[PDB]
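Here you get one chain, nothing else, as structure tokens; it is the form solved without the partner chain.
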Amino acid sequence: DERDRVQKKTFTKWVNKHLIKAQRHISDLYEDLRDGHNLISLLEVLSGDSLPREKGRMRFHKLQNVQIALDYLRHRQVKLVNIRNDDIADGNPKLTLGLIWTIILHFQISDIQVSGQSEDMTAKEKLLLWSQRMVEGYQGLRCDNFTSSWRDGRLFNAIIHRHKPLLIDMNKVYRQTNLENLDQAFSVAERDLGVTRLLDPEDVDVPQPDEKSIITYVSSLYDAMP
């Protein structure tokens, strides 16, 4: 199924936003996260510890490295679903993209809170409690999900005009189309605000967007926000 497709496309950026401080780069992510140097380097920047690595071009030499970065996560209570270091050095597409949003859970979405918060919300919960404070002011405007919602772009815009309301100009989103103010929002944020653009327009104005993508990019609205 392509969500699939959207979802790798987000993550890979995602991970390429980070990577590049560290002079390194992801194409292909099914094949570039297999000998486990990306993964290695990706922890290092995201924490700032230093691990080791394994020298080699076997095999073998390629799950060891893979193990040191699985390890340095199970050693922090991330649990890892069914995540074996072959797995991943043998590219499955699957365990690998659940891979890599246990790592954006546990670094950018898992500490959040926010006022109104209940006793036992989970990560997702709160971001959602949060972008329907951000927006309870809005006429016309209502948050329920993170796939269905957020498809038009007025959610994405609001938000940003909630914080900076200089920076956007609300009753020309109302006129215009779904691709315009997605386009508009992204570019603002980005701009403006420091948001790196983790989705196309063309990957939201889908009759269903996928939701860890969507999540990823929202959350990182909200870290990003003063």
Contents of the next structure:
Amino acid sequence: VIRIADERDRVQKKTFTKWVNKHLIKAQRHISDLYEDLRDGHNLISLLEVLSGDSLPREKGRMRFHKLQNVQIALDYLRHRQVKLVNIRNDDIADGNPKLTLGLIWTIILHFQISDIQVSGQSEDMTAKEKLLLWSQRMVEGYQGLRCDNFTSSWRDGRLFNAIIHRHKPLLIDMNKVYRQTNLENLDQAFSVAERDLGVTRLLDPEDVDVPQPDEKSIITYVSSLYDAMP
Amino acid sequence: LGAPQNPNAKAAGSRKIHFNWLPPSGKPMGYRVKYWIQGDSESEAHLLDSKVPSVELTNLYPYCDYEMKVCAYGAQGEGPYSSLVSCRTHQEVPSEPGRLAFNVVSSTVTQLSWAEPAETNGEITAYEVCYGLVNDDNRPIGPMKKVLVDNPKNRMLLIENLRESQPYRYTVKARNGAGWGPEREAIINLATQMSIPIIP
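Return the form solved in complex with the partner chain of this protein as a structure block, the form solved without the partner chain having already been given.
Up next: the whole complex, starting with the chain shown before.
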């Protein structure tokens, strides 16, 4: 018995794509299909160049031998930066294994965006994730009925997103109305405000979050980018 | 000698191209064919000799665009080259899909995924996934379920309703214009092995 790939993988792919493009356009580059446009290695390299501000070599070729070479460059950069890439070979990315490709990008996001979190009263035994959750909880503290237990169901109704933005700039959000709006209305409002007023790229579509179990990594990436837009 | 005229190429069977032309006025001793892969410099070009107004380019890559021109030579040396002619070779069945990766969703559910064949040798149009129970010696005990993936861009498959603590063999193969290629195989027991992919 087979079924359609999980909707969560569809949303994770779209989140990771919008995120990658957010950075690549800084270098005048753009990917269309995450499972294809990274296989030649050029984009991975450029992405890393943008993220770290470093300058990486490129094996300019046309065939597979050169693809593998270019991808290896990217992978090596990460490995030397102490980024563990387990069970991932260069041919896996060059030949476009979708899950492993997703994984590579997630790794990249973790290391550059999600790991530099800083929360008052933290511990170095806390994962980047645990710090982000702590942050979220600290942000929505005091807001009536609001509660952040996870990076999935807790975000479904859009209320945490609004409260977080409110804590940072009360003038942007009418929390009274947030308490009376539908999950979608709230989600949209949040994403819209964060984009036009905080320059936070819209990684998530409301319909993709208003579900019983959202994609955790997608939520995390977005929440992390809210943190980035805040001192 | 002038340039050979009416350069004409067509794919001929496996990994070869038939290339012929119209001989220049006069009595040429022979011709020199210069051919290369479209996109490569005329520096990575190959050079073939011929005594007759045609030639077989052999040992070429499948489903690959080639550029070629030809010049005649004789008593007074070499003459100009003909105009360029482009031609693509016929396809070959693909290689094995990439090694299989498994995302264990539960004791009865898994997300199988594979990479595109390292050598497509053409335009891949489908994938076929087989899976079925195997015993202790790792050989199927019954008919394998077959699944056609008609969208070649979809290299992921969610297979649910498997049996707990039971070994299953999985194969993926690719198809293109030329037909089906060889299978990539993996035996996996879900009970044996969170969201990180496994790879036999």
